[PDB]
Amino acid sequence: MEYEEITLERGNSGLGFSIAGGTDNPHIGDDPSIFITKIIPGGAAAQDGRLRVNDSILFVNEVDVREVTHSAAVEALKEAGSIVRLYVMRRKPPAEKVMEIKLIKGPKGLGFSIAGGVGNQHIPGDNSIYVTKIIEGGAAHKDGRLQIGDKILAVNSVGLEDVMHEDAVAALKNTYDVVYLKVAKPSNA
Amino acid sequence: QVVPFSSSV
Amino acid sequence: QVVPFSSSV
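Chains as they are written, first to last, in the authors' numbering: chain A, 1 to 189; chain B, 1 to 9; chain C, 1 to 9.
Calculated from the structure, these hints are not laboratory results. Check each hint, because a few of them may be wrong.
What the hints assert, rightly or not - Pulled a few chain B residues facing chain A out of the computed Cβ check, cut under 8 Å:
#: 1; residue: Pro4
#: 2; residue: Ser6
#: 3; residue: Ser7
#: 4; residue: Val9
Unchecked claim - Quick list of simulated restraints, FRET-style, between CB atoms:
#: 5; chain 1: A; residue 1: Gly29; chain 2: B; residue 2: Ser8; range: 16 to 26 Å
#: 6; chain 1: A; residue 1: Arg50; chain 2: C; residue 2: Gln1; range: 54 to 64 Å
#: 7; chain 1: A; residue 1: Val118; chain 2: B; residue 2: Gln1; range: 33 to 43 Å
#: 8; chain 1: C; residue 1: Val2; chain 2: A; residue 2: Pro41; range: 57 to 67 Å
#: 9; chain 1: A; residue 1: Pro41; chain 2: C; residue 2: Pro4; range: 51 to 61 Å
#: 10; chain 1: C; residue 1: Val2; chain 2: A; residue 2: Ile28; range: 36 to 46 Å
Backbone N, C-alpha and C fix where the C-beta goes; we use that ideal spot for every residue, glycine too.
Let's have the full structure, built from the sequences with the hints guiding it.
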C-alpha cells in the first residue's frame, strides 16, 4: 500500500477526473473511502498524473475524506480552490495471473503432492488445488516446474475444484501421459 | 447507481 | 498412504 501527498493546480477550469462512491453508497460495495474511476487527457489531473484513479484520497485540501459520503467529497472538491494539496493512497499492483504448464504422467504417478476441492481443500479457505510437496527427478518437477506453492484451477479443461478432493484427485491422475495444467498466481500478491 | 452519477471535476 | 493430508501422486 502506497501513500503520499500532492498538489493539483487547476490547469484552467478544473483538474479533470471522475470520482464515485461515498461513505454511504460505496462505489464498490465495501469501501467507505472514495476513489477515482478515470482521468480525462486534458485537465491538470492527467497532466499532473501524480496518482491513479483507483486510489483512495486519504485526505484532500486538509479535509477529512477517508470515509465520508459522496456529498462531502463533492463539497471538498467544490471548495478545493485550484491547487489542491491532497493526500492519496494507491495500493500496489495485483498479481493475479493464469499460467499454463505441461505435466507428463509417470509410472509412480505425476510425481507431486497436491490437495484441493471440498472435503480437503488443503488451504483453510480455498477450493483451488494447491501443491505441497514434490519428488526429485519427477515428471512435473522437471517439466511442470511447479515448485511447492503453485495452484491449479483446471487441467486443460478439468474441474479440479467442482467435486471433491477425491474426484479432483482421480480426475488429475486420470489425465494423459502428457497433459497441460492450468496454474494461477495469488491475486493481489 | 440510478440518480447519483460520477463527479467529473 | 495419507490421502486426507496430501495427494502424493
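Here is what the structure says about each hint:
no.: 1; hint: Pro4; verdict: holds (7 Å)
no.: 2; hint: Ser6; verdict: holds (4 Å)
no.: 3; hint: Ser7; verdict: holds (5 Å)
no.: 4; hint: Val9; verdict: holds (5 Å)
no.: 5; hint: A:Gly29 - B:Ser8: 16 to 26 Å; verdict: holds (22 Å)
no.: 6; hint: A:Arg50 - C:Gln1: 54 to 64 Å; verdict: holds (59 Å)
no.: 7; hint: A:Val118 - B:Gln1: 33 to 43 Å; verdict: holds (36 Å)
no.: 8; hint: C:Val2 - A:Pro41: 57 to 67 Å; verdict: holds (59 Å)
no.: 9; hint: A:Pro41 - C:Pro4: 51 to 61 Å; verdict: holds (57 Å)
no.: 10; hint: C:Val2 - A:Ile28: 36 to 46 Å; verdict: holds (42 Å)
Violated hints for the displayed structure: none, as all numbered hints are satisfied.
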